[PDB]
Every structure is written in C-alpha cells, then in structure tokens.
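**Q** Please put together the full structure from these sequences, using the hints given.
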Amino acid sequence: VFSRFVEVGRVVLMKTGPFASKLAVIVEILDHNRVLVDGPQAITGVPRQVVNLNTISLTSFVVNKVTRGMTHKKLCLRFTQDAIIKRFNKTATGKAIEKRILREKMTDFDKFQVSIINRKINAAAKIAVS
Amino acid sequence: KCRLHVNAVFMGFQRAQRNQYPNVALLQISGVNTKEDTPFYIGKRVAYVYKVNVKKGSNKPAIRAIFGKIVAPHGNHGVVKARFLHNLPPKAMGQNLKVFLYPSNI
Amino acid sequence: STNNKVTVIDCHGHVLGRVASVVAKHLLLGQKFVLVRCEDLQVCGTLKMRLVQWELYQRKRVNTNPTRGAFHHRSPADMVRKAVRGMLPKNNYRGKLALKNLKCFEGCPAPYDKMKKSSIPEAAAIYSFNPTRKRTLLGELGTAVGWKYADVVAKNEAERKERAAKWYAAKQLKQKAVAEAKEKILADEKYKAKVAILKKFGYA
Amino acid sequence: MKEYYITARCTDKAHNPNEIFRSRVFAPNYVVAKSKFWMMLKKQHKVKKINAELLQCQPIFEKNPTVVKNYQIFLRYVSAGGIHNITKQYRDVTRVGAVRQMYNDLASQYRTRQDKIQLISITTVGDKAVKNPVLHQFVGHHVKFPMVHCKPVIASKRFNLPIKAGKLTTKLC
Amino acid sequence: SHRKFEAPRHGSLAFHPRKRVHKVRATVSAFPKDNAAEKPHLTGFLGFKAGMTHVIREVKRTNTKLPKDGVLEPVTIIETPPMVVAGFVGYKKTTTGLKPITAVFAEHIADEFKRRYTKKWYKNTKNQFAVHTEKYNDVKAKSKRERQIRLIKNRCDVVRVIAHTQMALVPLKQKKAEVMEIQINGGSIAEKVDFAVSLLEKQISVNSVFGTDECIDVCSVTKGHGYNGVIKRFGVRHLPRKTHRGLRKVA
Amino acid sequence: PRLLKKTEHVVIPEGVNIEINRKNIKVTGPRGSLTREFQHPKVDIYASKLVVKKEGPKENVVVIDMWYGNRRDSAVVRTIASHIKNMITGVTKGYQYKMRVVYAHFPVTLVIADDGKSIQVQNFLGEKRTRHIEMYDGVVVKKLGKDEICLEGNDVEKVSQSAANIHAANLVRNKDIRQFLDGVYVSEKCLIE
RNA sequence: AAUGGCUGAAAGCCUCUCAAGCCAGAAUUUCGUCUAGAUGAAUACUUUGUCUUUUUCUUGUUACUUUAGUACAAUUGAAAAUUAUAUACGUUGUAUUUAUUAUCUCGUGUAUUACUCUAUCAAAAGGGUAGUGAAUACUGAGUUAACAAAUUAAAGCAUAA
RNA sequence: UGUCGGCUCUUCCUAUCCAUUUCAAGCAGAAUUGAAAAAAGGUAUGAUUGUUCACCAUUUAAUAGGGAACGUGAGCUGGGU
RNA sequence: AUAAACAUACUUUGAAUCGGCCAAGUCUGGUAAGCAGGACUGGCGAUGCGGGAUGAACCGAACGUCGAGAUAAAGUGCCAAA
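Chains as they are written, first to last, in PDB author numbering: chain lP, 2 to 131; chain lj, 3 to 108; chain lO, 2 to 205; chain lT, 1 to 173; chain lE, 2 to 252; chain lK, 2 to 194.
Honestly, the hints are just simulated from the structure, not real lab data.
Among these hints, one or two may not hold up.
[Stated by the list, open to error] Here are the computed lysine-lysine pairs in the DSS-like style, where the Cα-Cα straight-line distance is at most 27 Å:
{"no.": "1", "chain 1": "lT", "residue 1": "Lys88", "chain 2": "lK", "residue 2": "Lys129"}
{"no.": "2", "chain 1": "lT", "residue 1": "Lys131", "chain 2": "lK", "residue 2": "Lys6"}
{"no.": "3", "chain 1": "lO", "residue 1": "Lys33", "chain 2": "lT", "residue 2": "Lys157"}
{"no.": "4", "chain 1": "lE", "residue 1": "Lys136", "chain 2": "lE", "residue 2": "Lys124"}
{"no.": "5", "chain 1": "lO", "residue 1": "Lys118", "chain 2": "lO", "residue 2": "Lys49"}
{"no.": "6", "chain 1": "lK", "residue 1": "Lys6", "chain 2": "lT", "residue 2": "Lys167"}
{"no.": "7", "chain 1": "lE", "residue 1": "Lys20", "chain 2": "lE", "residue 2": "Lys120"}
{"no.": "8", "chain 1": "lP", "residue 1": "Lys23", "chain 2": "lP", "residue 2": "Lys100"}
{"no.": "9", "chain 1": "lK", "residue 1": "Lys6", "chain 2": "lT", "residue 2": "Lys151"}
{"no.": "10", "chain 1": "lE", "residue 1": "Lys66", "chain 2": "lK", "residue 2": "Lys129"}
{"no.": "11", "chain 1": "lK", "residue 1": "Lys7", "chain 2": "lT", "residue 2": "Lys151"}
{"no.": "12", "chain 1": "lE", "residue 1": "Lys224", "chain 2": "lE", "residue 2": "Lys250"}
{"no.": "13", "chain 1": "lT", "residue 1": "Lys167", "chain 2": "lO", "residue 2": "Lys172"}
{"no.": "14", "chain 1": "lT", "residue 1": "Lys34", "chain 2": "lT", "residue 2": "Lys88"}
{"no.": "15", "chain 1": "lO", "residue 1": "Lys200", "chain 2": "lP", "residue 2": "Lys112"}
{"no.": "16", "chain 1": "lK", "residue 1": "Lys50", "chain 2": "lP", "residue 2": "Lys66"}
{"no.": "17", "chain 1": "lO", "residue 1": "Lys118", "chain 2": "lT", "residue 2": "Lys167"}
{"no.": "18", "chain 1": "lj", "residue 1": "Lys93", "chain 2": "lO", "residue 2": "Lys33"}
{"no.": "19", "chain 1": "lP", "residue 1": "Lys121", "chain 2": "lO", "residue 2": "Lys177"}
**A** Okay, here's the thing in structure tokens:
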C-alpha cells in the first residue's frame, strides 16, 4: 500500500518557482495533473493558486477536517491547530531546508573556520577507532 | 599553490551550420548551467595558457598565454562569448581555459 | 588545467541512444569517458522487434565484396561504440581524437572496478520510458545474434558482486565505529570551543 | 487567451441606428477579437466595417480566479466530412483558462486547427452534470490518488547538471 | 535478363579466399566439447602419412546386400611414433576468447624441441631452455613453479599438454620436431592438472589416445599445385573449339 | 477510458499462508507450496484485512491495486487476481485433468513410468514411432480406468499445459480430421478434493 | 515464423493475447562445426630497469658507444538491487577538471591508515603477519618572506645475441 | 555508348514449379484444389526454325516466371538483320 | 488623395536579340507525361548569399572592403550554433 496520497488537506512542499521550499496545503483537485494549493497566505505566504503536480512534493502530514474549497479564514485555524510548522521542522526535509538557509549567509571567513575545524574533528575520530 | 580560477572549455567559435566566425569564441564555464548565472562573469578575464617545447638555444618562453574578456551570454545554458587578442587556434578546441576573478566588482 | 581523470559511467539501467548523445557531446569537450557494463543498456522494443531491425542491418553489405562491406559487430560494447561514433564528426582529426577517449566494457575490468561511477539523468530509463513499454537489454540482444561471451560476463559479474559484498560489510562496520567516536568528541567538553562554531553554521 | 466585451452599431439604410450589437469574444488580443466580431456581423447581419462604428472593446477579467468550476463549452467545428456540434467539459478556475484547454484538446483529439472551431457558448454546470468519462472521477469530495513514479524535481535550471554522481532513483513521492 | 537455364555454381563459397597456408603442420581449430564426468584423457595426436594400400574387409552389418566374401576398400597408412610430453599450458575464458595464463615445462628438453625456437640452428648457440634447465632445482625457481600449478587450478578452464614428435624414428630428413598442443578432456581442473603433471617428460603412445573401430577427424594441408586456371580450380565448362583467344576460361 | 482506481481481492482461506516480496507471491497450503512472479510494473500487490461480504466480517485478503492506467493495462488486475486465486485452490484442493484416449481401429497402449513423470503412447493409428511426452515438475500422471488417464498437480498452468502436450503429440497429419477422430482428449478438468 | 494450443482478463460468460505470462511448431535463425582473419596472449633466449631527439653501423633489429639535460618512497577513484522500490524517511538545492592552513626548524609518547618500503605466507586479492619510515590528531613554540628567480637535445659502431 | 539471338558465368526479385512447416475443401483413402511462413537449395535432354516466341517426343520431385545498358562481341559466334 | 527637379520632354547614332525554360487557389488537346500549346504576373536564363541533407526556377533576400548589434526563411537530443 502507498503511504502518501494526493488528496484534500495533504500538506505539500513547493520545489520550484518564487515560493520554493515553502509549505502549502491542497484544498481542491482539478484533475490528475493539477491541484489547487492554498498554503495559508497569512502563514506561509503561498497565494491561492493552481499548480502542476510536477512542481510539488508530498509530505507526511495531513491537515484534519479540511474540506474541499476551504476558505482562508477556516483553513488558517486548522493549520495552526495541527501545528504543521513545528512538525515540519522536526522532519528530515525541514532540517535540510534550515541547513540550506544557514549555509547561504555563510561567508569566506566562516568557510575557513568550519573547513579547518571539521578536518581536525574527522581526523581525531578516525584515530579513536582501534 | 592555490586555485584562483574556474576551468572553462573552449567549445568552438560562434558559427552557423555551414559558416564560422573565429573572432568570437564560445566557452563553457564550470558550474554555470544557465544564463542567469552569466552576469557575474561578463567582463572577467580569460586566459588560454599553453605549453610549447622550446629548444635550449631559444629564449622564447616555454609557457605562453592568450588573454581575452567574456563579453556576452550565448543561449540559455550558460554558454558565453569571449573575444581574445589573437583568435584561439582551432587545434585548442576542447582544451581548458582559465576564468579569473578579476577585474573584480565585489 | 588538464583533464587527466576518467569519467566512469555505469551503463546499467540506461538507454543506449540517450547515453550516447550525452557522451558524444562531452567527448568533443575534451573529457575522457569509460562506459562500463555497456551490455546492460536498454533499447525500446521487444526481442522479436529488435531482431527484425538487426536483420535489416545485416542486409547492408557490399555485393561485390562482403569483406569491404559494412561490418556488423555483435558485442554490446561495440553496439555502444557504433552509436557513439555516429554522433561524432566524420573524416576529420576532431572526430577521431574524440573517439580515442572512449572505451566500453561488458563488465567492470580490474582498473575501473574501484572507481567512482556516474550517471546521466537525461538517459535514465525510469524517466524517458513509460513503465509499460517493453525494453531489451543489449546483452540479451547480443546473444540472440551471436555474441559468444555473454555467459563469461555473467560469471565475472557474479564474483564482483560477492567481492563487493564483503568489502561493503567491513566498511559499514568501520564507518559506524568512526561515526560513534566522532559523537564522543562532539560531546566532549575540551572540544566545546570548536563544536559551537560547527553548530552555529549547522554543520554539527 | 483573453475575453473582450465589444459593441457596435450600424449606420446605413438597411439597419436602424438604434440597435447595438454585443458579444464576448475570446482572442489573444483586442485586434484579433475585433476581427472575430466583424465577421459575426458580416455573416449574420450584412454589416460591414466601412458602414459601421465600433463603440467599446474592454477586457473581461475573471471575478474570482480562485474557485474551481466545471465549465461546459458548446462549439461547432469543421471536419473532412462536414460540420458538427460538440459539448466538452473542462475543470478550471478561469473562463479564458477553460477555452485555452478546449483549443489544445481539440487540436489533438480531432487534429482540428483553431481556424475551424467556433465557440458558440461557454457556461458553468453543476458538480454532478459532468459527463466526461475521465473528468467525472475528480468531481467528488473524496478524490484521492497516489502520484507514483515521480521524477525528482529541480529547484531551478542552476542545478541541472548534465552528468550526475552515484545512482539515480525515482520517488514514490 | 535471366539466365536461360539454371545450374549450380562451380566451386564452394565456404573456402574463399583460396589462400595457401604457410606452415606444413595444420592446427586443429577446435577440440571435442569437454565433459567433466570422465577420467582425463588426451583428445588428439599427430602422425605422418606414409602412403595408401587396399584391404579386403568382412562385412558385419546386417540387412545389407554386400558380398559375403568381403569388400575391396582403400586404406591410408599413417605412421605415428610415440610423442614426448614436454610441458603443459592452462587457458582461461575471458570476454575475448581463451587466453593462455601460464606454461610449465619439464626439466629435460630434447634438441628436437629446441630447434623450433631458431631459424639457423647450425649458426645458433643452441642455448634454448638453458637458464630454465640450469636453475630448475633452485629453491626460488621451484617456488615459482608451484605458483604456476596453483594459478592454473584456480583461474583456468582448459588444460593442454605441449607434446612433440621424435623425428629420429621416421625416414624424414627433417630433424626439427613437430609440436602440437593436445587438450585434456576429463575431470575437474584439479585432476586435469594432476594428470598433466604426471605426463611430464613421459611418452604417449597412440593406443592410449584412440580406440579400435573409432571414427576420428583429420586435419592436414592438401597437396600443392601452384598457379591453376579456371577449369582446374573451379570446374567451369570449356569453351567451344571455335573460340578466339582461348578455350579454358570463363566467358 | 483511464480508470482512477481498479482493484481486486482474493479471500485467503485458513490453511493458506501468503507472503509477498516485490510482486512475488508465495502461497503455502496443506498440499505444499507455490511460487509465482508477476512482473507487471504497474500493479501494487499487498495483503490486508477487508470486508468483502455485504454484511460479513473482516477477513484476510490480498489486494491487487493499479491506479491511473488505460484499459489495456487495467485488464491485468483481474488476470493476476485469478492467478492467485488458482494458486490458492491448487495448494488446498489440487487440480486433475481427466484425459481419454479415442481410437477407431488401432488400440493405443499407454505406458507410464513407475514414478509417474513420463508417459508413452504406443501404436497410435498404427504408427511405429512411439511418443514419449515428458511431464512438468509437480505434475504426475496415472491411469484411472481403460483408455483414461489423469494428471495430478498443484499448479493449473503446469497441469493444463502438460495435458495439452499429450494431446498435441498425437495429431493426425495429412488426413481428414473429421473422419479420423483419434488422439487423447481432455474429457473434463476438476479438483482432486 | 505461418499455425495449433495453455492460463487468462478486458467484457461476472467467452476468447491463443489489436492484454500481461507460457508451450509445441520450418529445407528458418543462433550457438556448436569448417575456411580466411585484425588488435592480441603465453613461453624460450638476448637484454634493459627515468627518459627521448638528432646523427650513425648493419641486409635489417635489439642491446650498445659519446656529450649534455631531466625525476628522485609515502594521504589517488568501488555497496548491490529495485524504481507500483517490505515499513518508515524522501534525507532537499552544482558530476570530473577542482576540496591539504605559506616556509623551515624545534619538541613528548600514544593512536590511525584502500600510505611507502623490507622479510615471509599467499595471490591472475584496493590479501594476511612482523618490522621500518611518512602523513595526521592529541598540540606547541618559534624563524623567514618585501626588489630578482621559482614535456631531450646533439654526435658514433667496439662488442653480443 | 558496337545494333538480335545463342554459348559461358555470376548475382538479384517473388507475383513459388519441387522439396520443408501449416490452415481450408462439395478433403473417406489415393490423386487433387484454394491459402499462409519461407527465396537457404534445385528447376533437364532432343527433332524443326537465325530466331525470342511456338509446337511436338521424352525424362524428372519439378522440368516456375523475371531483372541486372531489352546482363554479358579488346568474352566467343556471325546464323539473321 | 498620394508621389514626382540628378523631375520631365526628348533628338541623333548604334550594339546585342527575337531556339527559351519554370511556378501557379489558370485554360485547351491527350488516358496520361519531367507531353504539346496559350491568358496575367513573378522568376531562371544573366544570380551569387542564408534555409529546404543534396537541386536553374522553392522560402527569405539580391552582392564595393570591413567591425559591432538587432533580424528573415527556418530551427534548438548528437553530427550542428541555439
């Protein structure tokens, strides 16, 4: 059996476009190739729009009690009720998103410290093993 | 000692199906995969450093270079156009060139 | 500088034509390629479908002298080389030099069996093909047309798989021990100054 | 595809100049939209450009381009045999969006170019009035399907390397 | 237009091109397919054609109309003095055919075998296998031999014994031996090498290789004729007597 | 048209244990084992508990599922379900194919090996050539009465093909098959238990 | 292959399949066998062990002779399989070229290595054991830097095969 | 650009005459007839005519139809034109 | 209405030429022809260049020697620039 389904309420992550690496929630399924994502614009900043399924990725979370054509006011309440933001940041995808944001503002001097420090730690660990 | 350049491949000359214009050389910079990353390299320096096996009786250097500048993007795949002081020899097609970090704008 | 290292392509689960097109372009860009397992490539069509195409290929032959005529190589490594050679310039030094930097093998020979293997995403068979479309391994087609050494390769690959099985098992043991040793250094108090820098940038 | 609201009047002996013609025309721009309008007048009312005055040509924008609606289009197209009337249904959020789907779908299923199709009318039908064999399945409340065999997505063209490292994999996604 | 009347082509296309060989001895292109469920045995030999004669043989086939007093048949005589086994070689199956891995030779080698490695024996120093024989019993060289035996037992599939004739036993004026590789068909490679090692320096008689009333295959170089015309080479129809410029050619 | 979801299910009886590993079903019953590979790249085979009766309870089933897929592909869902249903039937109440020998003038004598893995048809239409017909593994021949045999086995595809191999080896050639009604024919196919 | 069939859906039944999966079936195809055959491999002997160019002796080849130049042991490069992938996670988002903190010296032992070398057992192994050195971590302290500098060319024939 | 036919020789097409494998018949057997896979192998001897063509007498498993500058003259012949 | 002063009107002397061929939202004879003959226009002949792999006529466009750009017909998996 499959684990993650494209449905109404399924939390998805945008992988391309102006809103890359931003969470979103499916509220309507137009057809087999298009969904209507309304990842609450007041929370994650993704406007209500129609996207192709080749631009998103399914997550492991589903917002409960989300019906098709859910409005922004009601959808925002259920998004915080299930605490998707906290749950997403605990998963492997979330940590990789924070890591990417961490490394982009990480200058030449910072590269020097980490590269020098990591080499010593990795060498030290290799010595420890008998 | 240290690497202060990015290897670029001399793909060929700006051409058509049955024509060729050796004034503009086409380069593929390593790490540039699209035309939106080209603006950083527009105006940088490019050198074609080649080795010549001179004799003991000649004072001509064994290492020579031809310098140029990256002037414009070419297509949507991060290919660039470079103009050199002397047009690159077509025998150097497929070889590696140096893309320097200067003239800097940072 | 000079590209002295060799790009090794694992031809397993790839398409013969789309691998050749990407390899042919980069051969002209001065790179050096070695395509291993050139017998495990896939082509569109069933075995009967491919045999009809092969027999048409076999027809082309100089009538007055078949020794002068087209040579129909049956080894899959020579089926890949023909496909690559068709996408390279003909009758000039640029074309011959580019083909000089290409080698196919039916398995992983001694020097290239411990090298970093690469892949060509455009040529992957899981992207360009409908899963229901029937395919044919180049090794299976080669046997049907007279490639004698298909079972010699199957023997050599089997011993490589088992040899790589014990090396990987030993490496996974050492890596786990090294991983846990690093955790103790990370949790160690004397390395507190160095750990915080790694944690600040997310490395730790 | 854009929708326009065009009006005009006829000033001559045949037609009294107190009757105004309206239409809603789908066209890539207003210049093409006017041309469709004039041919409708000429082929249905004997009205010609040299004896008529255009009054208004304004775009019609979708009022709520965030609501999914089942659009029904009544069209007539010309085949090798003759002329037929078709009624196709599409699910989109904009009227101009549904017409864009209809032109593409007709050019593939029937190999009919755009200059053989006349859009008689486009309306909105109910949820259960969709009769398209495939589209009927996605109109329910509890539609659910696992998109399998996903090709991994690329953030942008920047990371589109020609040759990759290691093995490749799809995503159960 | 079509040829008026049909006839088979003259000459076989299976023997094209007609190129004359360079060596008198003919090498067998194949050996009988190996079976691993029998004792090791040699699968070939080498002999010199002496001539031909005729025999009267008694017919033993039943349900035949042949005379009961015998049938006159020709027989070719092949003199086959015993061979001397002077080494063996192991072959490995690769993706380009058999590849000889190593060759192990005996301690004592006859001058008939040595003559193969020169082209002017009377001017040569005849130092063939001198270092091999002189250092045969050294501790270092002996250890190398054991590795060669163990390498074959590990990474080889075909074992052949290098046997050479004794030309002093035949009326031929030639003194250089004739060398032939005879494949060993039989048990596993473990017991194949053991059999080959036992045969080193020994003599193999033809009775051990072939049985009685056994059908064999023979490979040899035919009798030379030189430059020959179309009539003799292929067998085309001689042209009519009226023909200008000659009769014995293809029109 | 393309079907959003086409599904089928097979009810597992008590004395049957099924384990699945990448579209490779192994079924074990009181009569033995049966392994088959279903190499279709668009079916999801997995075992679950489902209510298949109108008002019945939950029961262990094997669900063969294929999602969005045209009518050419969708036909394979019930094909695989029938194969698994047959496999369950074979290991519980094995199959048997009762073949009968039909002759007009020349009697046909059947010689079956001691263990039952081979047969031998003799004097078929007076022919001197004797047919052998080997049997597949897991299929055993035996003689029921006069001019009647039966092939026992656990896999229907093995039993059915072996039965057809017997018939296909005794075909009349170059003669009117409407008049020379000879050979071995399958009278009926039934279950042992 | 044409054709006859098995199981079997689509289409609750039927059906050899313009479905998945199999079997039997030609003077057919491919191995096997026969002839010619390219790059090759093993062994024997003569050598050489960083390397060639240009001359030059020989019927020709290799070794060889002379004048010079060049490098000098030590971190390179491997899971396999599948993709409707047991579960879970989706581990996101730059393959090669291209990942070493300038140089030298001074200091303590331990530890590590697809590191070099030696001896041995093996072995068509990123092999085992022992020793040695190298680099690195524990982990230092000092010196110095400014202008200059940081891929083989020419000549011979004594001897040996 | 040497213009018919024959002789010699090679290759190619299948719209197949025989041999091989199949299906159908108003196929009981024998002899047949229609069709499919298949062009790897065979497909003749003479009287009359320059003849291609034709007509007879045989034999054969069959004595199929065609192309290659209406194949082929520094290959022959010169019967015809 | 639009255009027109290197506009307009010419005069004298004279060269070569009157074997033509192609295309078609055209026609006649012919079963038809890369056949024979016509109405209108554009071309080839007299004409290179870019594209159609190759081509007298097709599509873009007509040429002093060059540099830099935007283009046309038409293309963008490799040969082949995209």
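**Q** Each of the hints needs a verdict: does it hold here or not?
**A** Quick rundown of the hints versus the structure:
Restraint check for lT:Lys88 and lK:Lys129: not satisfied, since their Cα atoms lie roughly 71 Å apart, outside the 27 Å limit. Distance hint between lT:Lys131 and lK:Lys6 is fulfilled; the C-alpha atoms sit about 18 Å from each other, no more than 27 Å. Of the pairs offered as hints, the one joining lO:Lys33 and lT:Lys157 holds, with about 25 Å between alpha carbons and a cut-off of 27 Å not exceeded. Of the supplied pair hints, the one linking lE:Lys136 and lE:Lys124 holds, its CA atoms being roughly 25 Å apart against a limit of 27 Å.
Restraint check for lO:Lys118 and lO:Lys49: the C-alpha separation of about 32 Å exceeds 27 Å, so the hint is violated. Pair hint lK:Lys6 plus lT:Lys167 does not hold up; C-alpha atoms about 32 Å apart against a cutoff of 27 Å. Note on lE:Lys20 and lE:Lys120: the hinted pairing holds, with a Cα-Cα distance of about 24 Å set against a maximum of 27 Å. Proximity of lP:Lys23 to lP:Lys100 is assessed by CA-CA distance (about 14 Å); at most 27 Å being required, the pair is judged to hold.
For the proposed pair lK:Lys6 and lT:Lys151, the alpha carbon gap of about 21 Å is at most 27 Å, so the pair holds. Restraint check for lE:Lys66 and lK:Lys129: the C-alpha separation of about 25 Å stays at or below 27 Å, so the hint holds. About 24 Å separates the Cα atoms of lK:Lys7 and lT:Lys151, which keeps this hinted pair within 27 Å; it holds. At roughly 23 Å between alpha-carbon atoms, lE:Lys224 and lE:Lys250 fall within 27 Å of each other, so this suggested pair holds.
With a C-alpha separation of about 19 Å, the suggested pair lT:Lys167 and lO:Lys172 falls inside the 27 Å cut-off, and the hint holds. Distance hint between lT:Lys34 and lT:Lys88 is fulfilled; the C-alpha atoms sit about 26 Å from each other, no more than 27 Å. Among the hinted pairs, lO:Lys200 with lP:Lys112 is consistent with the structure: their alpha-carbon atoms are about 13 Å apart, no more than 27 Å. With a C-alpha separation of about 26 Å, the suggested pair lK:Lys50 and lP:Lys66 falls inside the 27 Å cut-off, and the hint holds.
Simply put, lO:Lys118 and lT:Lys167 have alpha-carbon atoms about 8 Å apart, close enough for the 27 Å limit, and the pair holds. For the suggested pair lj:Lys93 and lO:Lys33, the alpha carbons sit about 17 Å apart, so the restraint of at most 27 Å is met. With a C-alpha separation of about 19 Å, the suggested pairing of lP:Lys121 with lO:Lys177 holds against the 27 Å cut-off.
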